[PDB]
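Below is one structure, written out as structure tokens, with a few remarks after it.
The full complex has more chains than appear here; those shown keep their coordinates.
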Amino acid sequence: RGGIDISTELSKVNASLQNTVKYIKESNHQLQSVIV
Amino acid sequence: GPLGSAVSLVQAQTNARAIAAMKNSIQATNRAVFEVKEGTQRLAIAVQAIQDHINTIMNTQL
């Protein structure tokens, strides 16, 4: 069904975005070692 | 006085460490950017499917 697949597509979207936040977190965590 | 040399040598060692970390930071940031791209791409694909539906099952249906 189109409804299910679109719902699945939107869940893919949300997972990607959460992954982004994850990497932004890792990026800022690394900058905590930038102390010069 | 020979201390200034010691001071720059240490700052130099600090900067080198700072740099390596920054590299990891940028790489993690690029990954986040890639993730947002994939997410928008997925959304675009979803939007394209909603478009097809509107001009098909909602077009001929009228």
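Order of writing sets the labels: A and B. Residues in every chain begin at 1.
One rule holds in what follows: contacts are C-beta pairs under 8 Å (C-beta built on N, C-alpha and C of every residue); 3 or more make two chains touch, one makes a residue touch a chain.
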item	value
Total chain copies in the file, per protein type	A x3, B x3
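In this text, only the chains that are shown with their structure count from here on.
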item	value
Complex contacts: residues of chain B adjacent to chain A	11, 14-15, 17-18, 21-22, 24-26, 28-29, 31-33, 35-36, 38-40, 42-43, 45-46, 49-50, 53
Of chain A, residues touching chain B in the complex	2, 5-6, 9-10, 12-14, 16-17, 19-24, 26-28, 30-31, 33-36
